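Form deposited in one PDB entry, single chain, as structure tokens, below.
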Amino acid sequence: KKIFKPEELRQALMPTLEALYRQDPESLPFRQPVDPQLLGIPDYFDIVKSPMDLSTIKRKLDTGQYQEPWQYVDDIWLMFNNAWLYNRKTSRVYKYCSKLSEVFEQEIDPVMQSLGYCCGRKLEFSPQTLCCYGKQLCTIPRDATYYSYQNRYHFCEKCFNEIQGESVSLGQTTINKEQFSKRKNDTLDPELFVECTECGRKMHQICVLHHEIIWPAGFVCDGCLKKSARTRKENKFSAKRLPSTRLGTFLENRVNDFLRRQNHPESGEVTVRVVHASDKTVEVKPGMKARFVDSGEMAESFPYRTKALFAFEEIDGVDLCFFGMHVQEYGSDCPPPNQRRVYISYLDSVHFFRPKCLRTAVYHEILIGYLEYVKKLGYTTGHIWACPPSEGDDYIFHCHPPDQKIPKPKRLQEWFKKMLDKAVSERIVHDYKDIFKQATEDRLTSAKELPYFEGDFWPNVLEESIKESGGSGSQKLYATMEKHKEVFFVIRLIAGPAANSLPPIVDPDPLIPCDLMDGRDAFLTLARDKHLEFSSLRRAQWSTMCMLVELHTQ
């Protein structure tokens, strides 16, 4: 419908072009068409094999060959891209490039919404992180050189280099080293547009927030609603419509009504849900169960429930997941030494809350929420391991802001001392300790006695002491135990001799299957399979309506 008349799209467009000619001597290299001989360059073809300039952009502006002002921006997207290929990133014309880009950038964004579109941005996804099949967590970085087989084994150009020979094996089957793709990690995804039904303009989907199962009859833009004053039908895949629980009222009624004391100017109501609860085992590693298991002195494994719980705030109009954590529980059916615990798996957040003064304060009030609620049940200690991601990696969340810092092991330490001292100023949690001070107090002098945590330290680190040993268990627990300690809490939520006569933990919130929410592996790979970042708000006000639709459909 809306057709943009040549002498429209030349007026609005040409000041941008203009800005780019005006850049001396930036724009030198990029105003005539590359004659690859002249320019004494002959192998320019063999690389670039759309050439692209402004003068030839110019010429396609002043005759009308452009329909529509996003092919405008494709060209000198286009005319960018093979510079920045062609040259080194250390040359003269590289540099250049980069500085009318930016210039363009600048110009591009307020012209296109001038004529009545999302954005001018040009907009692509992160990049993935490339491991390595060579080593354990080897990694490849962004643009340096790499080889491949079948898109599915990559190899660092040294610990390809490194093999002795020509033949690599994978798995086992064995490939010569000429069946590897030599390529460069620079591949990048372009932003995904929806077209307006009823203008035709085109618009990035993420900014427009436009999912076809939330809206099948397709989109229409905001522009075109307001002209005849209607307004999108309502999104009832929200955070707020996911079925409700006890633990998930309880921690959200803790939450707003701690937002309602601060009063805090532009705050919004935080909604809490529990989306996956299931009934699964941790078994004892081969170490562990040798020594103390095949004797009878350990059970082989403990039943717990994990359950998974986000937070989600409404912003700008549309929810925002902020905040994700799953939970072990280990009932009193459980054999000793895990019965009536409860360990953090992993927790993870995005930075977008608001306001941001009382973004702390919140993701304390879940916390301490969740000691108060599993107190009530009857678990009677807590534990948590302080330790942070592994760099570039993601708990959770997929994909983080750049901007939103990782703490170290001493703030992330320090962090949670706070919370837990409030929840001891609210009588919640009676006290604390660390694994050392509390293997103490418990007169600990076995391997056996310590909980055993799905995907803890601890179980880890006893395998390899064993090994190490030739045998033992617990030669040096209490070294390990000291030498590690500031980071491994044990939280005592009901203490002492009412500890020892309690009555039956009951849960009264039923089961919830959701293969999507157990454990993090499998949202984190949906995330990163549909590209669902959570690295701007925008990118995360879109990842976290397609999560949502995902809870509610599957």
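So that the term is clear: the rigid core is the largest set of C-alpha atoms that superpose within 1.5 Å between two forms. Numbering follows the first chain given and starts at 1. Compared with the form deposited in another entry:
- Lining up the core between these two forms shows that one residue from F104, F353, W458, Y304 moves its Cα 2 Å or more, and that residue is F104.
- Once you line up the core between these two forms, the Cα of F219 stays within less than 2 Å of where it was.
- When two forms of a protein are overlaid on their rigid core, residues whose CA moves 2 Å or more are considered shifted, and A19 is one of them between these two forms.
- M517: CA moves less than 2 Å between these two forms after rigid-core fitting.
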Given for the second form:
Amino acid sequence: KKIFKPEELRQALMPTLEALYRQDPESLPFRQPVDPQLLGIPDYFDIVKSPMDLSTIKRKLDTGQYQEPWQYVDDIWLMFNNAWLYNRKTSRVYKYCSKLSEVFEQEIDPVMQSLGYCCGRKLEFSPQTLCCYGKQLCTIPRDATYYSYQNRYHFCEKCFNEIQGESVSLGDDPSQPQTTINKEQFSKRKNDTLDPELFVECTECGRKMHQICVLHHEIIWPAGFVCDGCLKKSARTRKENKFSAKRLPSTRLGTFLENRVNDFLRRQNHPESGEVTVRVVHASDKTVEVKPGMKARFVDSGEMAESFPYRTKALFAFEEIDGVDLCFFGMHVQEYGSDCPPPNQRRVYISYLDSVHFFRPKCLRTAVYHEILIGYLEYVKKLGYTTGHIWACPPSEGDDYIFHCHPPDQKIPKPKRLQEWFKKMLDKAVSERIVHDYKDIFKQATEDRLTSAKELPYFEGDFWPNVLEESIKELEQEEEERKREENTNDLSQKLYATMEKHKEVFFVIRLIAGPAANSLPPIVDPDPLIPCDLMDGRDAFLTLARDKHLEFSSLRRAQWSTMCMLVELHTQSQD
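In place of the form deposited in one PDB entry, output the structure of the form deposited in another entry.
Shown below: the chain alone.
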């Protein structure tokens, strides 16, 4: 065990502070105990229930009030915090209030490392937005009027105004107990709260180190968290992690993809490259019910099928950066087999694909992405799939597709860039004879001489299924306006117009064409099913990540979130 003598700890940290005093005149407002009256602005010590400055910190060091180094850091952070809040951004104090902390980080993190503390920043997570319980499908917005109760239950600005009357007479749980509460019992606030990062304490230090920074998962090492410094001295090595991505059950598809990538990296012989692991972590058969509009007009009529059976898979690429697993790519696909009703027969469609851009080396990052997406096509081609489908639609502002909370400097590409992005790899696939050719959806329709909406493939979550229901309704009210006026290719037209509107956003990839396309044995996936509820679509994993704060915003947190999700897959595989 180790304890901090005040005068030994001063010696470490005084440089950091005396450096902060040096900023001229950035530090000058911060040098002494700000007092309302004298500074002429009456509400400062009526808003902040605690007061601080450098001199107070400076005295706290010398007198010997600091047991642990984080007290010092927190008080310094508090001084920026409580000052930022008080003054408007456009004022001068605010500007300095950042320039010092900028020095502060630069300086403090290596200084903490000398002390054996891994890092040296006060860290918090993102605004953890909550969710609805009354409407069940809805959610609780951030920085908005919010309603809640008992911390466990949250409700929207529109929720409790028209559910069970003014009084809260609806408390429902799986267990019998119920509850009736009054209208005015609720607690109002605006979601601005920030939840702070957790820490873990070592066996022989008691040191309050970041969970993320030291990367300690309770489950992987239940013996107890030992930091490396203690391990180093005792000549020890943390017992091997068995919850690694490499240790996930292998598959033909996973191995196909991780070889195509790792063979490519070996060709490149780049100095920064490490080996990649590609894993299919969910495989399960499913159905897509035809929508009510198209239902009556077609499946009830006896023209098209009532449902379409497919297979949903979830594959994830990982990389060994600094001897630590890191997930940087994820994908969701829909495989419609040979025992499937047309038009959907022998087709693969990419529901969602996503990434966090920490792949090393950066220069090979995009090329690695293309190799997966090409490898997926080649694989499914070999099984005898014919047509691949992509909806090249980037997410909207603040929306995560798979990985929760991306890095701030990960530029979400504009629809033209992403369009060109796919064009590049398909071009690469075309040259490799993996892909024969491809076209946009509109021109494919023209090529196929399509005459009715039942000849257009129907996929889960696609644009067309949800627009075809809407397109029909426009025609239903079209007659309604017609009849009222009168007193004193029906739907093939509507679609073909919409396809002309959005032609480039949708690809149609022709894996096989012509002679082979006819004489084809049935499709037989050589991989079993992989039941997993966590990776059964994107919403389940985001929820766990939004709840347990598994962010991919930084490298350090992605290394954490990856480790967490890996353990959740190795233990969802335990019944």
